[PDB]
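Trainee: Chain by chain, the residues run as shown.
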Amino acid sequence: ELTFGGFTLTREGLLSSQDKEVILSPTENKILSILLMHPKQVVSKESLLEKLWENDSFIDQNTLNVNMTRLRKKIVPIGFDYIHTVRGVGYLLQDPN
Amino acid sequence: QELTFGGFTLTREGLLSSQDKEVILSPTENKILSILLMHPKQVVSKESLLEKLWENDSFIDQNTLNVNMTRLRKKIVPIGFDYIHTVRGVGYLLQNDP
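Keeping their order, the protein sequence lines are chains A and B. Letter by letter, the first sequence follows residues 128 to 224 of PDB author numbering. Letter by letter, the second sequence follows residues 127 to 224 of PDB author numbering.
For the record, the hints were derived by calculation from the structure and aren't laboratory data. Hints may contain errors.
Partner residues aside, some chain A positions facing chain B, computed with beta carbon under 8 Å [as the list claims (entries may be wrong)]: (1) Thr135; (2) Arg138; (3) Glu139; (4) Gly140; (5) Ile150; (6) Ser152; (7) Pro153; (8) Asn156; (9) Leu175; (10) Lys178.
From the three backbone atoms N, C-alpha and C, an ideal C-beta is built for every residue, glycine too.
I would like the entire structure built from these sequences, with the hints used as guidance.
Mentor: What follows is the structure, encoded as structure tokens:
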């Protein structure tokens, strides 16, 4: 499993912490997985798309945009507010502490 | 992907796809179907399915299993995966497959 800040992501797409859970689609799962594998690193949109293709998610950039938005809307409510937008660059997974 | 049966493939992330159609399974639905896919053409009792779920990080009870099994079948039967058979009082059976 992938872990970050007390959250665990399972291969089937369960993200959980404490008594909180959300279920991620395969695309949402693969996006979050890539970020969890690169904590505290700025991941450009191009790099994220490349890594998705590496993992058999052959989506385009608008699909990536939509799924990133859906992902964040899903996981912020259970306390995973660690994905930051870097305007014009990409994303950064980082825990303020 | 890798588990496959009856023209369908199940990815680890929960995508069940045929040549024509696909559906996304919840983690519990994924685990249930995976257990049946790993025991094809075998009768799997409810007790056995439950313990195997409990041996793979699930925490549901029998009544929540029934709801999940109904929800699973309502997701996958419409895309042509009608291979889960109920055996009254016994359990479930995954089975040219008919």
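Trainee: Return the numbers of the hints above that this structure violates; sort them in rising order.
Mentor: 1, 9 and 10
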